[PDB]
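Please read through the structure below; I'll follow up with questions.
Showing just some of the chains, left in place.
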Amino acid sequence: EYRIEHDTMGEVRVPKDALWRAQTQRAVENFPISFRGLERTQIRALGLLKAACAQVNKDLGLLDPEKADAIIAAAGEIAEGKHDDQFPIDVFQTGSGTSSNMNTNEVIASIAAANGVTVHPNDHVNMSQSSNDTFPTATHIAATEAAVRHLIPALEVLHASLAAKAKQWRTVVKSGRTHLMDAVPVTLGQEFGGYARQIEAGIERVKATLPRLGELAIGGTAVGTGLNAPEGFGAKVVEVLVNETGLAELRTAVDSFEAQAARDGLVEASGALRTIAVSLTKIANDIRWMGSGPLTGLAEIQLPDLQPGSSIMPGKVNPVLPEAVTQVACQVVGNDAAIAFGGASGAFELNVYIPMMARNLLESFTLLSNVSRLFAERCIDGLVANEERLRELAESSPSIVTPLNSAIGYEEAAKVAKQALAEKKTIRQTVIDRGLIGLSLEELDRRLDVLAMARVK
Amino acid sequence: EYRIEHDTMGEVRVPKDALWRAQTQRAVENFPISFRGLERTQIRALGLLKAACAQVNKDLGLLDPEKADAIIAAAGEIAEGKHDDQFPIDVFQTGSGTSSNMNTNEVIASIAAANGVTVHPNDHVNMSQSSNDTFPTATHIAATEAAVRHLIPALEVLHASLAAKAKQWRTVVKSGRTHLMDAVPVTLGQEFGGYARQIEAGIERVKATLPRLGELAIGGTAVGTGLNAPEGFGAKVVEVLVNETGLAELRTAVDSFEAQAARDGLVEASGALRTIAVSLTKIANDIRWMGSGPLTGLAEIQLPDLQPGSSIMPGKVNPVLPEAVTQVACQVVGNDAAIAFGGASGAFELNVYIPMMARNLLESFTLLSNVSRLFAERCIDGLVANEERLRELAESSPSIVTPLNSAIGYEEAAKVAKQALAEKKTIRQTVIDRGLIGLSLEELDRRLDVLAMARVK
C-alpha cells in the first residue's frame, strides 16, 4: 500500500507507513545493488549532525524555534536508533551521500509532521547545509567516535592481556626461532612483550591519525565556499557536536576545499588499521603455532578450548580465535585497498566515493574492536604455558654454542655445532671432546645456562 | 527463554525456539565480530549439499531411508530459504566453516525431530563428510551458480546495451581524445564498441575461470584422503548436484589435496571480477565525462535523469549510476585483495580462510551482477547524443592536420597546427595561407572530411 509524494523531478509512490519520502524512494529504486544500508553509527551521526545544525540555525535567528525544536527532537529519535528501518538506501548510492542526506531530512520532516509541525526537508531540515559537507561530516564523526570510543579501548584490553603474559612468563625460557630454525634462547614473556608493544604501537598509530580524521567539512556547503551558510556556521556546529558527544577530537577543517574535494583523512585512518592488521596476523600466527599439536606440532602453550574442533575427527580442538583474527586482518587489508582506490578518484570540488569509503573504514574499526577484545579475553587470558617442555626446547638447540664465539671464534664454534648434531650429543660434550677446554670447564657451563642466555630484564 | 543441549565439550543454553543446537550456540558466543552471517546463496548451497549427500548415503545402503528422507526434506526447506534466521553464525568464524557446517547439521536434526524422526547431526546428517570438504564445496557451488546464473547474464544485458549504442552511433562523428588532449576523429559508436568489447572480454574472463571454479572438494573428507567416505562418494554427490541444479560446470576436484589445502580457484575467479571492475571504471568514467556540464564540461551526451542532484543546488542532476558503478569497482578491488591474502595463508592440509574468501567473492559477484544491469537499463539505454555539438568538436581539433603528413611531412604539418591556433583560424586556411597547395585544393578537402577521417566500418 502506497501514498504519493513529490520532489522537483515529479511524483513518486512511497509506502504508506514509511517515514521517508520521494527522494529516498527514488534512491531505493535507483540503487538495489548490495541491499545493505547505512550502519547504526552512521545513522546516529546524521541524527546528531541535523540536531546540531538546527540548534545553530535557531541560535542565529534563521530558523523558527518551533520548527528547530521539532527538528532537534526528531533528529534525536534518529540518533537514538528509533528509526533505523526508515533508512533503506543502499551503500552504493550517489557518491556524495545526497540520498542518505535527503533520507535523514525526509524522515525528520515526517516525524515532525506527526508532532503537529510542518518542516520542509530542504528549506528547514537542510537549512545552511549541503550533502557535500554534511555527509563527510557524519562520516568523520562516526570514524572518530569508532577510533576513540571503541577501537582504542579494545586495543587497550588486548595490550593489558598481552603485557600480563609478558610479566607472567618473564622467566619461562624457551628456544628462540629465526627463519623457523633453532635459535638462541628467549622467554615466552619476551615474545609476548613484543606482541604487547605491537599493540601499543597500534594505539599510537590510530591516535596519530586523529588530528586529521577529526576534521569536519561542516560549513563548506556545496563546494567549500560556505555559500548559503552564515558566517562561522561550521565552528558553531562543531562546538555543539563537541558539547553533545564529548569528542574533543572533532574540529573544523584546516582547508575547506581539501575537506570536500578529498577524503584523505579516511585513507590515513585506514592505513593505521591496516598496520594493526599486519601486527595482529603475526601475533595470532605465532600463538596458533605455539598451540599446535598436541603431538605433531610445537606444543609450547595450550589455548583455551572454545568449541568442538571437527564434525568428523572426534576430540580435536582448533585455534578458532586466531583464525577469526587472521581472517579479520584480511578483511581490513581488502577494505583498505577499496578505501584508497576511492580516495584517489576525486574530481574538482568533490570526492564522490564517500559512502563506499565510509562503509569500509567503519567496518574495519568494528571488526578490529570486536575481535581484539574476544582475542584478549577468550584466548590470551587463558593461555597456559608448557614450562618443562619449553626448558627442554631451549636446552636442545644447537645454537647454544653461540656465546662461545668470543672465546673460540665463529669458525671453530660451527665445527662444534655440526659435530654435535651428527653424534646426537650435547654442545658441552662436543666442545670438551673437541679439546677446547684449557676457555675453562667452569666458563663453558656459565655461558651454556639457557635462562642466563635469554638476558631477562 | 532457553533449553539445554550438549555436544562433546559439554552443556550449552540455546534459545527454546531456535532450531540450532549446542555447537551453533557456542559459535554465536565465540564470534560476535561483524554480526553478519552467511548469505542466502551460501545457506542454499549447504542445503542442496546436505540433501545430495543424504541421497548418496541412501543409495549406498549406509543411511536408513526414513532418516535420509527426513534429512533430504529438511535440507530442502533450508535450500528454499525457510530457515535463514536459523543461521546466526558470524562470517568471521573458524576458518574451515566447521561452525556453519554444524549449524546446518543441527538445524536439519531439529526439523526432522519435529517430523517424528531422530537423526544425529554428526552420525547421520554429516555421514561420510567433513566441514573440510563440504564447506568449500558449498562455497564453490555458490560461486559457480553466481557466475553462470547471475553475473554472465547481467554482463550480457550490459554488452547488448553497449553494442546497441555502438550500432546507433556508427556515424556520429566526434573528436577523439588522447592524454585528454584534442586528437583525430572517432565516432561515438566506435567508443561504445570498445566498451562493449571490454564487457564481452569480461564474459570470456569469467568463463575461463569456470573449469577450476567449478571443482568441488566433496569426497576428500578431513584431509583429502576420503577416509570415512565410501568409494566414489564425491563423484556420486557431484552427479546428484549436477542433476538438481543444472550446473554442468560443477565437477570433482582434479587433485583432492589441492582442493582443500588451497582455495586457488576463488582467487582465480576474483581476478576475473577485478578485471571487470577495471573495465567498468573506464566505461563509467568516460560516460560521466561525456555527460559533464551542461555548460562547464564536455556536454557530449545526456544521461537519463534518475533523481534530484543536490539538496542545496536546485535543478542540478548528477551521473549517479556511473558513481554506483565506480564505487562498486572499488569494492571489488578491495574484496579481491582480501581474497588473495586469505588464499596465500593456507597451511598443510587445509586453508582456513574459507568464510572470509567466500563472503568477499560472493559479494563481488552480487555487486557486479546488480550494478551491471542497472547501468545498462537506467543509464546506457537512455543515453542521448548531442550530434551537432559533437560534429563541431570534431571539426575544431587542430589534429585534423594529421592526414596531410604523407604529403607535407610531420615537421611542416606541425608548423600548420601551431600557426592555426595562434591565429584562431582553420587548418584549411593555415595550409592555403602557408602556400602548400600546388597537394591540391581538392585533395586538402577530401583529407579534411572528419567522418571520412574516422574510417567507419
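Just so it is clear, A and B label the chains in written order, and each chain counts residues from 1 on its own.
Keep this in mind: a residue touches a chain if its C-beta (ideal position, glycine included) is under 8 Å from a C-beta of that chain, and two chains touch if they have at least 3 such contacts.
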item	value
Identical protein chains across the whole complex (2 displayed)	4
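In this section, only the chains that are shown with their structure count from here on.
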item	value
Distance from the mean Cα position of subunit B to that of subunit A, given in whole angstrom	27
Residues of subunit B that touch subunit A when the two form their complex	7-9, 23, 26-27, 30-34, 92-96, 98-99, 101-102, 105, 122, 126, 129-132, 221-222, 228, 305-315, 318, 320-321, 323-324, 326-331, 333-339, 341-342, 345, 352-353, 355-356, 360, 363, 366-367, 370-371, 374, 378
